[PDB]
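Q: Please take these sequences and the hints and turn them into a complete structure.
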Amino acid sequence: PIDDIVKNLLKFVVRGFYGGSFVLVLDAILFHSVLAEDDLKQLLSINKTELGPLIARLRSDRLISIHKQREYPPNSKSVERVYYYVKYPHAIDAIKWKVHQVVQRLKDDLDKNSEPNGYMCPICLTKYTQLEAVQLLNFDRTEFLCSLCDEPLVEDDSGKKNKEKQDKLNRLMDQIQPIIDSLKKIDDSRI
Amino acid sequence: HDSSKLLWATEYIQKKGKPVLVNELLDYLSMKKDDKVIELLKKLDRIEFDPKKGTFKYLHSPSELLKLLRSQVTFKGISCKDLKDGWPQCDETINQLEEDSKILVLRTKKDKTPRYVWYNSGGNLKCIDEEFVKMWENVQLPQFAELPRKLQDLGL
Ligand SMILES: [Zn+2]
Ligand SMILES: [Zn+2]
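Chains W and X, in that order, give the protein sequences.
Everything in the first sequence is counted per the entry's author numbering, starting at 4 for the first residue and increasing by one.
Heads up: the second sequence is residues 123 to 181, 187 to 283, going by the entry's author numbering.
Treat the hints as calculated values from the structure; they're not laboratory data.
Please note that the accuracy of each hint is not assured.
Said to hold, decoys possible - Derived pair list, reagent style DSS-like, types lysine-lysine, alpha-carbon separation capped at 27 Å:
hint: 1; chain 1: X; residue 1: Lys138; chain 2: W; residue 2: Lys168
hint: 2; chain 1: W; residue 1: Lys44; chain 2: X; residue 2: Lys236
hint: 3; chain 1: X; residue 1: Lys261; chain 2: W; residue 2: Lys168
hint: 4; chain 1: W; residue 1: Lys187; chain 2: X; residue 2: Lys253
hint: 5; chain 1: W; residue 1: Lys187; chain 2: X; residue 2: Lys239
hint: 6; chain 1: W; residue 1: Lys44; chain 2: X; residue 2: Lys239
A: Here it is in C-alpha cells:
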C-alpha cells in the first residue's frame, strides 16, 4: 500500500528533521486506526510533558489530526476517546511546502554571497552598496568613503560565503532527497 | 522455608553468578542442602539446572541489539534492563553504534538515559545544523486547505 509509504515517509522526516522520540508517538498513532488515549499513554510509560507537543507537532505538521472519535461513557456520561485521524492529504500539503520554502531561501542565500557588490564601513558598522559607492565616489578618492564617519569603505559578502550556501544547498538537496523521493512517490495517486 | 530457601539460593546463585558444581552451591550459603532446592532449580528458572555438569547460568552484541530492536516492531516498547544485564555497558554501545545503528530513548541526563525500543533510518543525522532545525521551527507549518493553493502559489 502507498499509504504505508506515506507513513514510512512520515518516519523519515520526523527522524531526519526531528528527534527519535518524535517517531515513537508517530508509530503509536499509526499502530491502530482508532487508538484509545490511555493505550498510547501506557506504551511510552512516561509523563505527558514528553508526549503532548509531539502530537501537537504532528497536528501542526498536518500529517495526523486528532479526531473526535466519539465514545459513549458507561456511567450515564459522554466522554469521547482521543483517536487521531491521520491526515495524509494535508501531510504532503505541509511538508512539501516547507521544502519549497527552504530551497528558495537557500537559493536566496546563494546570490546574496555570490559576488561582493555592497560595501561597508567597519568604523560605522553599516553596510553600503554600489549605488551608494558611486554617489560617494570621488575623483580624488579612488576608494569609497563613508561620510557618516569620514572613513573608507570595505566590501561585504566575499566569495567564500557563496560556497557555504551552495554547500548548504548540496546538503539540502542530498538530505531532503529521501524525504522528497518518498514524497514524490505519493504524488502519483495523491492519497 | 521452602520459598525462602529458593529465594536465598537464587540470590546466592546470582551473588555467585558463575557456573560451579552443584555440591559447592549448597556449601556457599549452607542452606540448599536438601533436595527441595535442587528440585526448585530444575523447576524454576531462578536457578539453572540441567542434566549436564554442575553449572548455573542466567535464564549480548549490538547486532543482537538491532535484531532485538527490530524484534519490537509494531509492539510494546521495551527497556534496556535485559540488554544491559545481557550485555554490560550497553549504553556505551548506543553511543558507539550511532547513525541509527543503535537508537535509544534518553529520558534525561540524571537517570543514565534509560533507553527504550527504537529503530530508525538515520537515527541521529547530526550534520544538519540546528540553524536549519531552528529555521525549521522558525517556519511554522501553515493553516488549512488554503495551503494546497499556497504551494501552488509557490509553483508546486
Ligand atoms: Zn562608516
Ligand atoms: Zn490549518
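Q: Determine for every hint whether it applies to the structure shown.
A: Now the hints, each set against the structure:
With a C-alpha separation of about 61 Å, the suggested pairing of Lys138 of chain X with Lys168 of chain W is violated against the 27 Å cut-off. In summary, the hint linking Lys44 of chain W to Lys236 of chain X is supported, as the alpha carbons are separated by about 22 Å, within the 27 Å threshold. Annotation: proposed proximity of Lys261 of chain X to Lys168 of chain W holds, straight-line Cα distance about 16 Å (limit 27 Å). Note on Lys187 of chain W and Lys253 of chain X: the hinted pairing holds, with a Cα-Cα distance of about 25 Å set against a maximum of 27 Å.
Between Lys187 of chain W and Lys239 of chain X the CA atoms are separated by roughly 41 Å; this puts the pair beyond 27 Å, and the hint is violated. Among the hinted pairs, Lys44 of chain W with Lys239 of chain X is consistent with the structure: their alpha-carbon atoms are about 22 Å apart, no more than 27 Å.
The structure fails to meet hints 1, 5 from the earlier list, while all remaining hints are met.
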